[PDB]
Amino acid sequence: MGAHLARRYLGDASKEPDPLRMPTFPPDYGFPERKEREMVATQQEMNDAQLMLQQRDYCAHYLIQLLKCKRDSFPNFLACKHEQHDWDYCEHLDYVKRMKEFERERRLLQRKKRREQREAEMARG
Amino acid sequence: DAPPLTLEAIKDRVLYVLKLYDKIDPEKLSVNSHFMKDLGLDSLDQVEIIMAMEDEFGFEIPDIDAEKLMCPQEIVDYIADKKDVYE
Amino acid sequence: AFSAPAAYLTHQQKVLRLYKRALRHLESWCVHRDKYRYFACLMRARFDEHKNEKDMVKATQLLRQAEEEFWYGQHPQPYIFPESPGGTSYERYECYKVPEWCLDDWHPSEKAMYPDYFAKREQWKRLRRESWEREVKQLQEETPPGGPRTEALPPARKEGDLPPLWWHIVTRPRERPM
Amino acid sequence: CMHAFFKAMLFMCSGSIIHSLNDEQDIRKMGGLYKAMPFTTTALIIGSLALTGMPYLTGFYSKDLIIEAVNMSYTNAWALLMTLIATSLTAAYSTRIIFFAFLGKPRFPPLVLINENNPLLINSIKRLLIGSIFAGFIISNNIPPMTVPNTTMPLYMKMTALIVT
Amino acid sequence: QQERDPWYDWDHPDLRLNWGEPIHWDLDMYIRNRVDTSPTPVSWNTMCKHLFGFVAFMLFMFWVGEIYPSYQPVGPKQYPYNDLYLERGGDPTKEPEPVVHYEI
Amino acid sequence: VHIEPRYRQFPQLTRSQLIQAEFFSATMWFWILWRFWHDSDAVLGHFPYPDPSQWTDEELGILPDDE
Amino acid sequence: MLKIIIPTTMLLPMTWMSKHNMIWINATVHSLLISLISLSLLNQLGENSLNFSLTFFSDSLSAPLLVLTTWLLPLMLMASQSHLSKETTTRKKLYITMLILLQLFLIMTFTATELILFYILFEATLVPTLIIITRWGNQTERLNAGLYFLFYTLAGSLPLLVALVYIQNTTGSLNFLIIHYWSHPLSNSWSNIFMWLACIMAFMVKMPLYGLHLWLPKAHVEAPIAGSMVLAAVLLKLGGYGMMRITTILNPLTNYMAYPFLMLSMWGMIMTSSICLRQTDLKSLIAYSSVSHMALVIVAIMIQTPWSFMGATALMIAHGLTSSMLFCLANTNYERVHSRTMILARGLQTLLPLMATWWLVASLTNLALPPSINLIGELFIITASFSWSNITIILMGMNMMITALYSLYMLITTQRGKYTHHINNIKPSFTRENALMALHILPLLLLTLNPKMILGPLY
Amino acid sequence: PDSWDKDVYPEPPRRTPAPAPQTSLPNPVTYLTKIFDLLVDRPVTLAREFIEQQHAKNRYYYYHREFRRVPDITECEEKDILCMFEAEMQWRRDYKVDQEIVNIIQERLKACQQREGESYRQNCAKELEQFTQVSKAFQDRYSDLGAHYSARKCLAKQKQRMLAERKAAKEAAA
Amino acid sequence: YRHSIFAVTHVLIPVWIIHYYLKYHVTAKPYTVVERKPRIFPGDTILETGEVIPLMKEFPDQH
Amino acid sequence: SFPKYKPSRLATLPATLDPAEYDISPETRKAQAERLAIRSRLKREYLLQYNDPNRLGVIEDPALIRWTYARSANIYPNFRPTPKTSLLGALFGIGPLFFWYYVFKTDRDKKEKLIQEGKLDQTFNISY
Ligand SMILES: CCCCCCCCCCCCCCCCCC(=O)OC[C@H](COP(=O)([O-])OCC(O)COP(=O)([O-])OC[C@@H](COC(=O)CCCCCCCCCCCCCCCCC)OC(=O)CCCCCCCCCCCCCCCCC)OC(=O)CCCCCCCCCCCCCCCCC
Ligand SMILES: CCCCCCCC/C=C\CCCCCCCC(=O)O[C@H](COC(=O)CCCCCCC/C=C/CCCCCCCC)COP(=O)(O)OCCN
Ligand SMILES: CCCCCCCC/C=C\CCCCCCCC(=O)O[C@H](COC(=O)CCCCCCC/C=C/CCCCCCCC)COP(=O)(O)OCCN
Ligand SMILES: *P(=O)(O)OCC(C)(C)[C@H](O)C(=O)NCCC(=O)NCCSC(=O)CCCCCCCCCCCCC
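Residue numbers (UniProt numbering), protein chains in the order written: chain H, 1 to 125; chain Y, 70 to 156; chain C, 44 to 221; chain A, 330 to 494; chain U, 83 to 186; chain D, 52 to 118; chain G, 1 to 459; chain L, 2 to 175; chain B, 125 to 187; chain W, 2 to 129.
Keep in mind the hints are simulated off the structure, nothing from the lab. Beta carbons: idealized from backbone N, C-alpha and C, even for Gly. Careful, some of the hints might be misleading.
[Unchecked claim] Computed spacing ranges between beta-carbons, pair by pair:
no., chain 1, residue 1, chain 2, residue 2, range
1, B, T156, U, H132, 56 to 62 angstroms
2, G, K418, W, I39, 21 to 27 angstroms
3, W, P27, C, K163, 50 to 56 angstroms
4, U, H132, G, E141, 49 to 55 angstroms
5, G, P185, L, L129, 37 to 43 angstroms
6, H, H82, L, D141, 57 to 63 angstroms
7, G, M398, L, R70, 48 to 54 angstroms
8, W, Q117, U, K176, 29 to 35 angstroms
9, L, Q159, G, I394, 49 to 55 angstroms
10, G, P353, A, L449, 25 to 31 angstroms
11, G, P370, C, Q56, 57 to 63 angstroms
12, U, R86, C, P187, 24 to 30 angstroms
13, Y, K97, C, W114, 37 to 43 angstroms
14, C, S152, G, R91, 36 to 42 angstroms
[Claimed, not checked] Which stretches of chain C does chain W cover? Using the computed rule of at least three CB atoms under 8 angstroms from a CB of chain W, they are:
no., stretch
15, 112-120
16, 156-166
Using the sequences and the hints given, assemble the complete structure.
Rendered as structure tokens:
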């Protein structure tokens with residue numbers, strides 16, 4: 001649900017992003033120097049922790065810490081609130097980065113539409 | 070589970086319903102009174118009386134049988150026979 | 044159930060059956076007792092309005108239109124008493140109904156566990172055997188030469204007899220057998 | 330698991346009502362049972378609240394997360410709409426059961442045989458009633474995290490299940 | 083037999099038959115456990131139209147919701163090591179095409 | 052305990068069943084209030100939802116249209 | 001095999017020399033002893049067969065069939081002594097003699113190592129069966145049933161004799177071992193097509209194939225209880241054993257010639273189940289169920305894979321036991337009310353509870369309920385058919401649904417509901433009948449416990 | 002345990018982490034493990050000690066049957082029934098041994114899947130390739146022989162495969 | 125007393141039989157009981173070899 | 002007025018809505034009387050046999066005997082090959098067989114063509 005669905009369906013699907021094909025612009029297009037994401041947990045550490053393949057994202061170190069916390073304080077199932085919050089906050093930051101990627105895709109698409117309209121008008125005139 | 074029915078209990082309940090009927094005078098109502106010969110009701114009144122008894126005892130009297138029960142004693146005998154009441 | 048049916052239903056019988064069915068379905072629609080009382084009185088008002096009608100053709104047409112109205116306005120899921128044919132408790136205790144002929148195949152030890160019951164049962168069996176000839180004779184004396192025109196059965200006309208064809212009616216299994 | 334708990338309790342309360350009213354199963358003939366039958370009344374109310382997703386009963390820890398995941402997924406639009414309408418209709422028929430069985434005036438036959446004072450019935454419903462309140466919290470907090478949560482979402486989308494309920 | 087009267091004293095109460103009366107050719111399928119032809123509150127044609135229309139409308143709307151899915155305004159989820167190339171069973175000898183995710 | 056059947060009257064109740072029903076309704080409501088007092092994030096959420104309109108083109112890496 | 005063959009030929013003089021009241025006791029006891037002795041044949045090998053002599057040999061396919069035959073004889077004696085109380089001593093001994101002769105022919109049939117001796121014995125089984133049917137059957141139609149059975153079988157089997165002697169002239173031998181080791185491909189020619197037809201048509205009639213099956217309801221309904229028990233449990237399995245044996249010399253022509261028979265088998269499986277749904281007679285219902293199961297076995301043999309042969313063997317043994325038990329149950333009901341109509345006697349659960357339990361167990365095995373060997377065989381055949389093609393699953397699933405439907409329909413109709421009011425002679429079940437049902441049903445569950453004993457040589 | 006061969010049925014070394022409790026609360030699992038060891042493990046161990054003492058007094062041995070090799074169907078002359086019989090029996094025994102080899106490899110695969118757990122797709126790649134190779138060879142040998150399979154039919158299948166491979170090699174070298 | 129006789133029979137005898145069957149018969153053959161390997165986290169102590177699994181690198185911690 | 006009810010074969014017409022129920026002729030009444038007389042005669046016979054103290058066994062039902070006979074043993078004597086019978090028999094007995102033959106033949110031909118062309122996924126297909 002959301003207004004983006006209304007914009008894409010009852011509107012300009014060419015200006016709205018396509019979730020199954022995003023991104024369509026180069027990651028450095030408009031970013032002069034862009035840094036790669038940092039991964040804390042290593043492949044061997046995630047493999048040892050037996051993280052689910054969908055849980056082996058960039059937040060996996062907080063998940064590993066939460067699992068270790070819950071194992072050690074077993075009878076007290078209410079003792080890993082801080083580890084749970086750290087994992088949840090890392091997931092929140094990852095999600096807002098996904099939202100930023102979507103918004104960048106949207107305004108890049110509409111900038112391309114404006115540029116091509118300007119070129120078309122210049123060619124016509 | 071539930072207490073068994075008795076002839077006196079069935080009689081009491083049928084006469085109770087009939088005394089709560091407005092078109093029947095409770096003073097001249099007896100267990101042998103006829104609904105139309107000496108109470109002055111009609112067929113629709115008898116239908117409503119039988120339906121009231123059905124609601125009272127929680128079971129249904131088929132139309133073939135209900136059209137003949139013209140007496141509180143007849144109703145008592147019918148219900149006792151259907152419920153296997155002998156005392 | 045207990046009464047033998049006739050060849051046809053009279054107009055009055057049809058009207059009364061429609062009255063009862065209509066009141067039951069109205070009660071199914073009108074769940075609450077006060078609302079049911081109100082609309083039941085209105086329904087009886089309609090029946091009493093058409094109560095006095097000499098033209099039987101008009102009376103039959105009124106009944107036909109009332110039946111059509113009922114079929115259109117009937118409750119899809121009318122209330123049924125649990126023990127009634129459509130009910131939830133209908134025929135639940137049929138697997139517990141066993142006959143007395145099934146009773147007499149018992150082993151002698153089993154019958155020895157109930158000495159007093161089986162003495163009374165033997166008395167009942169003797170009573171049944173002593174009356175069968177009188178019952179069949181009474182049945183064949185009172186029938187018309189053509190045959191039985193209805194399913195009704197006569198009572199016992201004498202001080203020592205029993206109503207013909209009584210055994211299974213009298214000894215039918217109890218409504219709550221086990 | 331959560332549905333096992335509260336649905337079993339709901340069926341047991343329904344059976345208690347049926348038994349106390351001489352094998353009657355029609356809500357049109359039930360009535361007055363709120364005061365007539367206290368313990369089964371409170372048990373059925375707790376179960377129906379847990380079924381509809383009361384914010385901290387045993388049904389909240391599963392149904393609320395299911396609705397959140399459905400709203401936040403790349404799903405069929407018609408499937409999402411039907412799921413939300415079904416949540417509303419769940420609240421609706423739970424209301425129908427309570428309203429027609431427990432509130433109001435009686436409609437059952439005048440011989441009142443209502444009796445829910447058997448220790449077997451009370452203890453069985455009591456055991457399944459504690460679970461319908463606390464078992465969701467215990468189970469949810471003791472199982473390992475087997476899925477990534479939906480930490481960030483709009484407030485209206487967060488409160489969708491409660492609003493439709 | 084379902085249409086037969088239930089309040090009558092049949093000889094076979096469960097089958098709703100009397101002794102000696104003619105038996106329908108298809109009694110084997112018209113028993114109360116089998117095909118029922120009793121009248122219904124709604125006409126059969128109306129039942130068919132309503133049922134078929136409901137199911138066809140639901141099928142059409144599921145197809146429509148498939149070609150118009152509902153989603154959230156987010157980009158693809160990102161996974162660390164070439165989208166977890168080795169975790170998903172990729173060949174250790176062969177070198178995957180690198181997948182690089184940048185900050186934003 | 053033996054409960055005598057009533058005819059056209061409210062059934063006989065028991066102090067034990069009344070107190071048990073009251074105790075368990077109170078237990079449910081205490082639990083709901085206690086959980087809402089502590090874990091209010093489960094109902095109202097925990098992290099704010101970003102507004103994409105407030106993100107600058109400079110931080111989203113969008114160049115000026117003329118450029 | 002002589003240690004099993006000679007005791008049967010000694011059952012004969014013992015039967016004729018025992019006293020007038022000890023015939024049933026002697027026959028039953030010594031049949032049980034011979035069954036126990038025949039249990040030793042189940043110790044088979046993994047490489048080859050048990051080559052006893054030049055004339056007889058045993059295999060993983062023959063051994064369970066022999067055990068089933070030897071076990072079925074005493075059960076037939078029990079049912080027979082149920083229904084033959086008023087007979088004279090000479091005629092009782094003649095009935096027991098027919099049963100013993102049939103068992104001897106069946107033993108030598110399953111253990112015969114030559115196709116011609118196998119033919120002679122497998123045709124010799126017709127005479128005792130025909131005599132039993134047309135002499136000790138109850139109704140008028142036993143004569144027509146015997147005619148149908150005899151002439152169907154002979155019309156099927158005479159071209160088989162011609163083909164067998166032709167193959168002996170062509171290759172020099174009809175020994176099964178030699179024709180297995182010296183087999184050659186059958187080229188696609190009209191002569192080879194008609195040789196294939198002769199052999200397969202003999203055994204398809206014996207099976208029976210759908211469309212060649214009318215003799216089966218005729219004979220199984222009109223035969224006495226022992227005749228019904230041996231017709232369904234063992235005599236139907238001569239077709240399966242023969243088809244499994246003789247298809248050694250029929251390849252690769254079986255790949256091309258099996259289409260009509262597979263189509264007939266699958267569609268007729270559906271059709272006979274649907275017939276079972278609407279049968280007014282109990283014995284006819286059980287007979288048509290037998291036809292459906294044998295259709296499945298025919299499919300297994302024709303697709304001819306190692307997984308299909310194991311399923312075919314398992315299904316043949318399981319069907320033998322289950323159908324014999326069902327016939328016995330129906331016969332007890334008939335001996336009560338003297339009618340085969342299914343709706344006449346109802347409420348038999350509230351009149352006879354333990355017989356209701358036996359009915360439940362027999363009907364639960366008739367439909368494939370796991371882990372019964374019925375299901376094991378059906379599932380192996382279904383898997384092999386799935387590898388053959390992927391719409392055989394559609395036909396097989398439809399057949400399983402209809403089988404469950406008619407089995408539970410039979411159970412509900414006979415046992416549940418309310419008893420017929422005027423049937424007042426339902427005496428309590430006899431110890432003999434109860435023991436008969438137990439002896440039918442316990443071996444089936446034990447075979448479930450040890451299933452490799454009935455999976456055939458391909459295991 | 003010396004019951005089976007660790008080379009045939011390998012298992013990785015078991016790395017069990019040491020407990021690192023961080024609470025004063027007692028461990029119900031530890032208490033129940035102690036109760037289980039007291040009530041169950043000790044009686045069953047005593048019973049097994051008694052039974053094993055009784056077994057050691059009646060020690061006796063059974064041997065594994067050894068089959069020598071015999072000429073195969075390739076060497077057997079046409080319609081030489083005795084050599085054909087010996088070759089057919091030998092081929093049947095080899096077929097059984099190959100079936101059991103495939104069973105062993107499948108057991109390895111299943112055990113590794115369960116043991117690795119949530120990272121089986123990467124950690125069981127060695128067992129998957131071994132199963133693939135063994136199953137492919139077994140299929141190429143005994144794939145479509147039929148219900149009446151024999152050494153002659155398998156020889157014909159192998160001759161057909163060799164002819165096809167020779168033709169493909171000639172076409173490639175052309 | 126009733127539940128004491130019930131508990132020893134119904135719980136104790138089956139658990140004895142099953143533990144004997146599993147320890148000495150089932151687990152005497154390869155791959156009969158397969159356990160999922162325990163999870164290992166950074167900063168752990170492997171008991172089998174007295175090993176120490178190292179901790180993770182420093183997190184880019186926020187707040 | 003009210004919408005009318007359309008009877009079907011599987012949802013028949015109620016007796017209260019049958020137009021003939023409200024048009025009763027004096028011959029209709031005597032037909033009803035004759036039917037009731039037949040039922041009463043049969044009921045009397047059955048009840049006499051049923052209540053006989055000396056009867057042991059099954060009261061044979063001639064109607065049931067006739068039904069079972071008509072369902073099985075009287076069909077072929079009363080069968081004639083007509084155009085309708087011949088066409089229905091040919092269809093229901095031949096059409097399914099050839100339909101299934103075509104389906105399975107086509108499926109197996111496609112499977113064998115893929116096998117020969119060597120582009121059918123047959124890995125791990127050990128059991129056949
Ligand atoms: C050895 C045992 C048997 C084995 C048989 C195997 C095959 C052998 C074939 C030849 C047999 C020899 C001939 C016997 C003729 C008998 C005739 C007769 O009167 O029989 C009744 C007679 C006694 O009755 P009865 O006092 O004469 O009164 C007669 C009245 O009719 C009584 O009045 P009723 O009215 O009650 O009687 C009427 C009855 C009277 O009818 C009869 O008695 C007629 C019996 C059949 C006729 C003979 C057929 C011969 C042709 C060969 C096929 C025979 C198979 C059946 C053999 C039956 C043997 C009795 O007729 C019917 O009921 C009509 C029934 C019609 C259908 C059945 C008849 C046909 C069956 C055969 C056809 C099927 C063949 C299949 C193919 C395979 C063949 C192998 O039985 C005997 O005497 C028994 C004979 C055997 C005695 C034992 C011998 C051995 C002793 C011990 C040896 C130990 C050896 C060493 C062991 C080591 C330790 C020491
Ligand atoms: C662990 C296995 C051990 C089991 C050993 C069993 C050996 C036999 C024991 C059972 C035999 C039963 C009877 C034992 C003694 C008889 C008792 C008695 O006196 O009663 C007789 C019992 O008579 C009988 O019923 C006959 C049955 C006894 C003889 C049948 C058993 C012979 C079986 C021989 C077994 C050898 C087989 C081994 C070779 C295998 C062959 C394939 C009198 O009864 P009726 O004659 O019927 O009365 C009427 C007279 N007016
Ligand atoms: C979708 C299901 C289709 C099933 C298979 C497809 C086959 C075609 C459908 C049935 C056509 C005929 C098959 C056999 C049916 C026999 C016809 C019948 O039963 O009636 C015969 C009539 O048949 C004849 O005697 C003459 C033979 C031919 C007439 C019937 C066949 C005509 C079929 C029309 C051909 C198709 C039309 C094409 C239209 C466009 C379709 C794309 C007797 O008449 P009555 O006495 O009235 O008995 C009926 C009692 N109610
Ligand atoms: P008692 O013997 O006094 O009965 C008197 C009778 C009625 C028999 C008369 O003597 C009589 O015959 N009068 C003339 C015939 C007659 O009454 N005709 C009219 C009868 S039908 C009528 O007009 C009433 C119909 C109105 C109600 C229709 C019901 C439909 C509603 C169904 C709704 C169900 C869900 C709400």
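Failing hints, ascending?
9 and 16
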